[PDB]
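Following the hints, put chain B with the ligands in place on chain A, whose structure we already have.
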Amino acid sequence: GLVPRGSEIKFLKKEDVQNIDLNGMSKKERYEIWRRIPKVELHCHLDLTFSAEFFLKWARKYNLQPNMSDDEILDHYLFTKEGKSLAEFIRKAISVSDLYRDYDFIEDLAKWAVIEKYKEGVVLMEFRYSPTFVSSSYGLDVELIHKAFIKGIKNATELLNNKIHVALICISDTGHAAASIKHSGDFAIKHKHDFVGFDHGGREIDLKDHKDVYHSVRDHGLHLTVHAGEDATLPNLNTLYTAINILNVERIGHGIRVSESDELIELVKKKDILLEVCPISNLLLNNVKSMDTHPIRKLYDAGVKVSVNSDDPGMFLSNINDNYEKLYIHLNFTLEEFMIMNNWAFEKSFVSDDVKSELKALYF
Amino acid sequence: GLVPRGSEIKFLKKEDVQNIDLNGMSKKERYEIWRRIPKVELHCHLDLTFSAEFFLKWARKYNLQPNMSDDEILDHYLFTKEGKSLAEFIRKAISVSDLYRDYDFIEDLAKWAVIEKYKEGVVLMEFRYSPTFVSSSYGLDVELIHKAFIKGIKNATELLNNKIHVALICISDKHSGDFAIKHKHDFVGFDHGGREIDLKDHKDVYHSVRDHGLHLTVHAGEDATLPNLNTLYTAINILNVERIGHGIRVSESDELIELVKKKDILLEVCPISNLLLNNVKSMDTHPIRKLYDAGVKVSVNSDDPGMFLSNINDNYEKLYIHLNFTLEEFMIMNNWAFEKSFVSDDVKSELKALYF
Ligand SMILES: [Co+2]
Ligand SMILES: [Co+2]
Ligand SMILES: [Co+2]
Ligand SMILES: [Co+2]
Ligand SMILES: [Co+2]
Numbered sequence: 013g014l015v016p017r018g019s020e021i022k023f024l025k026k027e028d029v030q031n032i033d034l035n036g037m038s039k040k041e042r043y044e045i046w047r048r049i050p051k052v053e054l055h056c057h058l059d060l061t062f063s064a065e066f067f068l069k070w071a072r073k074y075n076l077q078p079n080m081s082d083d084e085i086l087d088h089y090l091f092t093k094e095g096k097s098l099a100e101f102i103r104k105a106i107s108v109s110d111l112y113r114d115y116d117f118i119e120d121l122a123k124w125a126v127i128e129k130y131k132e133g134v135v136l137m138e139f140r141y142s143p144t145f146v147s148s149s150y151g152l153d154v155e156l157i158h159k160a161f162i163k164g165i166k167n168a169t170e171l172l173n174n175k176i177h178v179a180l181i182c183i184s185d186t187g188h189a190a191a192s193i194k195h196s197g198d199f200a201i202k203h204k205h206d207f208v209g210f211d212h213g214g215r216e217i218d219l220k221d222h223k224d225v226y227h228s229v230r231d232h233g234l235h236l237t238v239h240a241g242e243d244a245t246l247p248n249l250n251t252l253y254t255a256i257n258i259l260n261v262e263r264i265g266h267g268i269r270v271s272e273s274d275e276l277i278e279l280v281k282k283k284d285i286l287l288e289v290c291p292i293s294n295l296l297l298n299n300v301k302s303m304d305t306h307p308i309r310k311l312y313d314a315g316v317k318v319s320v321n322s323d324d325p326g327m328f329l330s331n332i333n334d335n336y337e338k339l340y341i342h343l344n345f346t347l348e349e350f351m352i353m354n355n356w357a358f359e360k361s362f363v364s365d366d367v368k369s370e371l372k373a374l375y376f
Numbered sequence: 013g014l015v016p017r018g019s020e021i022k023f024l025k026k027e028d029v030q031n032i033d034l035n036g037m038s039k040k041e042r043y044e045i046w047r048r049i050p051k052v053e054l055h056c057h058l059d060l061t062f063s064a065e066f067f068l069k070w071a072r073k074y075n076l077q078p079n080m081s082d083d084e085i086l087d088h089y090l091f092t093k094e095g096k097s098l099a100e101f102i103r104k105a106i107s108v109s110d111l112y113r114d115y116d117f118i119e120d121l122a123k124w125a126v127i128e129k130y131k132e133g134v135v136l137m138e139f140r141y142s143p144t145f146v147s148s149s150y151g152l153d154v155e156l157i158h159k160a161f162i163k164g165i166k167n168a169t170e171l172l173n174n175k176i177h178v179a180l181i182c183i184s185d194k195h196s197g198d199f200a201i202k203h204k205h206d207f208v209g210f211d212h213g214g215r216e217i218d219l220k221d222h223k224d225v226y227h228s229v230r231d232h233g234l235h236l237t238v239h240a241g242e243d244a245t246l247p248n249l250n251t252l253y254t255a256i257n258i259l260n261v262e263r264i265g266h267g268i269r270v271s272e273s274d275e276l277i278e279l280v281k282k283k284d285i286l287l288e289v290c291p292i293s294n295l296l297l298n299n300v301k302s303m304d305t306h307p308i309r310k311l312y313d314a315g316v317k318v319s320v321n322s323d324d325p326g327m328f329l330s331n332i333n334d335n336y337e338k339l340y341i342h343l344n345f346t347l348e349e350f351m352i353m354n355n356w357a358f359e360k361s362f363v364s365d366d367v368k369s370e371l372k373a374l375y376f
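Going down the list, the sequences are from chains A and B.
Heads up, the entry's author numbering is the position in the first sequence plus 12, with the first residue counted as 1.
Quick note on numbering: the second sequence equals residues 13 to 185, 194 to 376 in the entry's author numbering.
In isolation and in its complexed conformation, chain A is listed as follows:
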């Protein structure tokens, strides 16, 4: 194991919380506090998780843009600036899938994604990836892609003395055909011993006809989440009703448009569903007007279970603690409230009771 004994993060105890004075601190001092929260992260797409330095290493290795500067490369591929559309994010994400050229990239991606989460002070990390997104550009074999992610992750956890625990959620393909829908859980089910969860993302659409396949996947022991209530542009909140009542999910990725309906606020609380909130993602994809008006404040105060998440660190060049900082500055979130949401994330995690008992003894 590579990290020296006394250099492991000094995670915050219930009993360190009140001694912390956040308002006395610099930005840098405050970031060390976000780091010391023993974080359970529920919503992060591993296939778009990277640092700037990882991305440039691979862009140079693949000789992608020999006449661009490092900054021009980041500008060219990524989505770090306010003012642009969801469409353009979609386009650059597809542009990024051009690096999925071989299994060495995939392994190294997983390895560094774990290392960076570990360094952020994440102790329990649910990563989700799409087998179809990863295989799409170079026609990589989904079995070998899955083995490469598991291998990258396992070898990083070995290096870190299991100081971080990692689990995997499978993102469904997006075929519209009845028979492709029927078979969209096949990969997740085949690999049920590696996945703890099943998800659906992409275009926010009518998922009523995913009823049967969501049920089939839960009948095989996998937990259910779904992206719904993200897309500001939709004319109604049907997708959210569908998530909760037809798909019967345990959690919703984003769910921020639940804030717009007292009925939905009440239903979520009733069904004890957690909302996997991705503040920076929401701002960058124009799903909120500003961070000042992000509805996580309203949802939290209304008694809805919500957690903090990063979504796509690579695309946004923003990892988990950056999301904490945003909530602090713009919405007056306190350490106390962060600790409360983290505990719900822990409770709503899809990992085994055994991984949970081990982490409860440590931090909760």
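Restricting the straight-line Cα-Cα distance to at most 20 Å, the calculated cross-link-like pairs of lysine to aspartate or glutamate (EDC-like) are:
1. B:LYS372 <-> B:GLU359
2. A:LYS104 <-> B:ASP185
3. A:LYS104 <-> B:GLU100
4. B:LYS204 <-> B:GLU155
5. A:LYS96 <-> B:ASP185
6. B:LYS96 <-> A:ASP153
7. A:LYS96 <-> B:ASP153
8. B:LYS194 <-> A:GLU100
9. A:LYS73 <-> B:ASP110
10. A:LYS104 <-> B:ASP110
11. B:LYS22 <-> B:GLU128
12. B:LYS73 <-> A:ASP110
13. A:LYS93 <-> A:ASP83
Just so you know, these hints were derived from the structure itself, not from any lab.
Structure of chain B with the ligands alone, referenced to chain A:
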């Protein structure tokens, strides 16, 4: 110009094709018949129009895939195989947009696209391109994009001795409405592609562009996954377009069939496109037969020759094989396409003196 007098295409005369027996022809022999139709092509995205050899030339020039064979490069980038998704098409079009790295590429693309249409026996070619799509990957200057497309077309028309007339349509972003308007001298029409949902909000820009004398077409009634046909009613009643790109879902409504007809609107049908993106279940079931038989004005188009490695005569061949199209019906559609072309009166007078 470069082509000898006697090597120019001997085009079929409109009402003198009853002597031609297609059924006794080889495939190769039939292709020469399709070539000899003096074609008016209405719907083709210049920014996705290329041959395999053109693509390979630039693929190697730009060192895109040094460890791939030619066939692997074509499989990687292009969308020539049946039973793939519209999602994979979108993604491939984005991968092909990675070649828009400079203006030399765009010049050479537009030159060769014109030369190949001309070799196909296209006499009147309306090319459409999206300034936003072409500038999207490397942020090329849209003014310089437009200059490069105009110049490469002119590079080809100057070689070809007035044998092919080319015109441009602008495909939209309002900025692109503004762009179309600024370049109203170079564009004969305005279009909207991409996401078939609500063009109800494009109502005002469509009216604005119309005010500047650009003709109006729109992609609508293409997308099989749409839950209703409202995009068609919008295009017709709200945008008040002169023609509709694809429009094939017009076939699923007798009300739409009669409105299109009453409006004398033409449907720009793209057979191979529709099949490869699964907007029809098979060629042998493409709505163009029903539409044609219903009295609806329709024309034959290639859409995206480089994505599909299929140019205009390949589309004729499909229609002949699978949908019982005859040389007489091809001549009728072609004359409709001429009638519905957005080109000037001066250009039409010149072409009536030959073929129409
Ligand atoms: Co353990
Ligand atoms: Co997400
Ligand atoms: Co002339
Ligand atoms: Co639009
Ligand atoms: Co088109």
